[PDB]
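Given chain A, work out where chain B should sit, using these hints.
So the chains spell out like this:
Protein chains: 2
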Amino acid sequence: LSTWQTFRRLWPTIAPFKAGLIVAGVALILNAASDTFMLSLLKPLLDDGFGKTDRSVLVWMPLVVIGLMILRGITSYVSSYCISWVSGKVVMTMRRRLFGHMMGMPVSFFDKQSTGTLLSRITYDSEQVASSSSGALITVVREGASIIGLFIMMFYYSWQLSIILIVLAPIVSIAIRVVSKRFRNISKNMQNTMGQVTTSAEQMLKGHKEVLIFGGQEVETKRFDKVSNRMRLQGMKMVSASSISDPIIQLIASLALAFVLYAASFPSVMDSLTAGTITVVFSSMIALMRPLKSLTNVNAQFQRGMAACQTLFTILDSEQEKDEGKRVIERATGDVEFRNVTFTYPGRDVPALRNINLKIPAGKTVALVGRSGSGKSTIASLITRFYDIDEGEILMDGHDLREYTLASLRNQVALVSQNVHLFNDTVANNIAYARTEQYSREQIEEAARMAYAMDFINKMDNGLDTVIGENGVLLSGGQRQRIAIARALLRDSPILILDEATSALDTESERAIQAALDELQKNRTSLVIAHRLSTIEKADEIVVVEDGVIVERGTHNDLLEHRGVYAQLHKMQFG
Amino acid sequence: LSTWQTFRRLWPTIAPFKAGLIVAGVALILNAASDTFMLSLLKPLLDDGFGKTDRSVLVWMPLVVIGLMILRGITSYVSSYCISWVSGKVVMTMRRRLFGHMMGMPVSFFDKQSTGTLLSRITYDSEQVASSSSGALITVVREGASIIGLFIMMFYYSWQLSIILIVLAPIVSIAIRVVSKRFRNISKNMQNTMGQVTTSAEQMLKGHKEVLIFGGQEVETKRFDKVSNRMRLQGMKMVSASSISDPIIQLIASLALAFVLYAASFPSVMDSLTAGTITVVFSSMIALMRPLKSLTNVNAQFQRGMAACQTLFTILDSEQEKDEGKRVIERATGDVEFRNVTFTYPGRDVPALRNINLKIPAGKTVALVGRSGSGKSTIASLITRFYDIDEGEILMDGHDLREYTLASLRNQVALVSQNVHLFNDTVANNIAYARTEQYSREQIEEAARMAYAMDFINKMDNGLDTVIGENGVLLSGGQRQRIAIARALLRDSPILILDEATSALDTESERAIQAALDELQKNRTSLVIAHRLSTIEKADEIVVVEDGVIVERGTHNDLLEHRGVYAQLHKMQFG
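Those protein sequences? They're chains A and B, same order as listed. Here the first sequence is numbered in PDB author numbering, starting from 7 and rising by one per residue. Here the second sequence is numbered in PDB author numbering, starting from 7 and rising by one per residue.
Derived from the structure by calculation, the hints contain no laboratory data. Worth double-checking, as some hints may not be accurate.
Where chain A lies over chain B, by a calculated footprint (3+ residues, C-beta under 8 Å) [stated by the list, open to error]:
#, segment
1, 56-66
2, 82-90
3, 96-110
4, 371-384
5, 416-425
6, 458-468
7, 565-579
Over the 10 Å line for every Cβ pair with chain A, so calculated as not near, a few chain B residues [as the list claims (entries may be wrong)]:
#, residue
8, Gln166
9, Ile172
10, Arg190
11, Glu226
12, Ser271
13, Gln316
14, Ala510
15, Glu514
16, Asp524
Virtual Cβ for every residue (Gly too), placed ideally from N, Cα, C.
Isolated chain A, as found in the complex:
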């Protein structure tokens, strides 16, 4: 079906590791051959061994069995380890490609699908594809070699008896299937009437409140006596019908065995039939029962594996960042204009952002206080060329963002918030996530001192080289904000956007936070998601954001004099 197409597309990944696959295949063939030779040992043991008084075969058999199982163990370990090497390298390469494609893909993908299922796709599914493919490979190779060995042995010892058994087995299978089907039909046919007797017994108990008033408690007893006799007789009849089935299957199996014995009684075949050839052939026939089932299930398992591969290939080779710009900023002035911008979250409705006329000049500050969601958070996300507007205009330095590459545009905008991301590395490297080669330690320590992050780094183990714990084990919210301030200060980003909604005012030592904030907000463009009073009054411009469109544009004194929604928000301390 479509499995072979996906496998053909996937094969170039597995191509360079042909040596491991060849070693695994040779090992699996040797393993199956060793097992079939172990079965073949049954002839000398039972023919020239136990039977005679010669203590030759019986005294060498233990050593041969030990050697064969040493070979089987070594071979099994080799095959498992080499198939594991191939599977591990393929999984590593595919996870690496999937992740390298994952970063550099629109945030829309990362909000549509939760973060957890992304890790699931990277680990579990990319493990399942190779696990199922390798299982299919080892099953096919090993069981095919085992079946070939068993058939070669069977036809090598006594071909007449082998032919008899081979032509006889399908008839037995067909008869068993027919008998089972017929008696299953009988069972369901009687389940049909179980339904009605059960519903009658149910109806019997549904009128207890009408039995008591009328005094008819004996009549109900007689009726249940009759219905219980009905139930018992019918259950008896099912048991008889079901117990008629299995003896028939057993009888046809015994008849097949008796026919094989009778055929062997004839002189045509018995000439090549000793006491050990029978034991070898009739045991090979038994041992050739599990490989057949494994070969039957291998196709379904491989199809499942290739379906998982197709899902992963759907995640791969998909949309990416809509990079369409040409020019690169050296240093932006900072003036940004939102005009006639109407933007909607992809995959949703009820537009939240529409018809703005906002201007932020260089060196000034604009607040974006909103009720709960408003459009301030959307504006902060959008200004860094996250989810793009459906229609509108965004003018930075007199040019739009669409014409401008989204590789240097993000470099000139800084994000400051309490919910900043800290990753497991040294603090001297967490500062300046990138550009760790052209930013010397002198600037790093100067920025750390300016951001007042030197106060707690000194009182910590290893100093500037402390490795951050998993998911912020060491650093706290205020410390995280200070490290983000350090990042924004070290990189001379002309435009910054800062958030205060997730910030908690209960923590002490906020004087250093305010000092770092005012140090960062020095002669550079700044957008403030304001909910703290001290960050509101000195702001040059305040633009309260309501759902859809803004409704306030003025200073704090003007808005207070207007007695609008700004005063109401100030009454509740802006939430």
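Here is chain B on its own, set in the frame of chain A:
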């Protein structure tokens, strides 16, 4: 444990059917003996059969095999059928006892447990007890006989080899267990670090929004390269640790087999060891593996069965109707008085009925219109000695119900409603649920014509002997009410209580319903759950019922003049 006492208490039920159990046991023993004899047949076939040129064993073997397995089939059928007879009769008796106890049990039990689970207890659990007990008996008897036969064969052919195998098996088992335990410990020990590697990979993808702004997309690629190296190496080490295990188990098993062969090589045992004795002993040892597992699981199966039996016995030997009366009603006058009655539904709180002062004289009519639930339905249920009052007094004919038996008290009260239970029997027997032997057909047909049910009985198949379909297939709501009216009319019950809440006024032919009603309400005591206007104005007394206590007591004109809750209910047509 607790199984044996429950089985001892249950045994008297199974005692009279000892013959079926004996036949089943003898059959199971014969079946196991036939199987062991078939395994024993391998010696003549392989020793002086195939091996030699004697044309004796190989020609009789088909006939002997066919005869043995015909015996096995016939015997299996006999054992199954007789154990089914015993199980079916035990189940019938136990269901009969359980149902006979269920009727005559306080309604409180029937409302505490849903109607469905009672049918489940009667059918499924009472089947499970006998099914598990019979399965335990069959497993114990058959597998014990099979094990005894196989051990007798093994020690009869070659006692030295049998002793070697018996003393060799436990140490092999112990070694397998310890190896498996050690490698499972290794696997979990490394899963421990899989957890932290996975959480690091999770942390990698949780900061995509902070990778883009800072431009550090290559650094994340390098970090994931290193963590993917970690993942692949550690998964490799998992696979190596897991794959080291199974070859060890195979090697110890083969070492045990090699030791058996080497021991057989000695002249102490090899003297009594031919080419067929080996094939019989080493195949009996294989056949002695599944009976052991069945014998191990039989105890758990029997314990589950006896736990189900204990649950059923908990349903049995439980509370019943609190019969405490002495005398018997001949014909009550009809006057009833509820004085200072405060009653609560058992198992709940918020008492529904408290401090009632109601008097209903003989031949009078009293309405009990309530908003939705009120206490009208509770009073109607309680008047027939359903759930009993916590404290209060109910005076009928000047005596209380507690002193008066709840076997003739229910006989004189009639219940009329649209939700009247009809059962699958002839309509001539649906009327007069009981007393079908002292009530001649003349009275039945006169009551049918008086209740105006004769109109639709004539226009239906079989006339008066029509068998009602399952759950009211034939009769309708109006016909159900008419048949209930016929029941209440044929039995000259001095006191009747009628409901109208469940009745629907959309159905036509209500003139016959009204005629049946006013014919029924003729010179006898009647309590009316009034929601229909035509049964309200003609009522001599109306008592509006509110939550807890009644609030109104007067005729329709007086209640309308009072302009109380009765007028408001009349505005909405009493719901």
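So, going through the hints one by one against the coordinates:
no. : hint    : result
1   : 56-66   : holds (count 5)
2   : 82-90   : holds (count 5)
3   : 96-110  : holds (count 9)
4   : 371-384 : violated (count 0)
5   : 416-425 : holds (count 5)
6   : 458-468 : violated (count 0)
7   : 565-579 : violated (count 0)
8   : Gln166  : holds, 13 Å
9   : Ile172  : holds, 20 Å
10  : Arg190  : holds, 18 Å
11  : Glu226  : violated, 6 Å
12  : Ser271  : violated, 5 Å
13  : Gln316  : holds, 22 Å
14  : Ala510  : holds, 20 Å
15  : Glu514  : holds, 27 Å
16  : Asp524  : holds, 23 Å
Checked against the numbered hints given earlier, the structure breaks hints 4, 6, 7, 11, 12 and satisfies all the rest.
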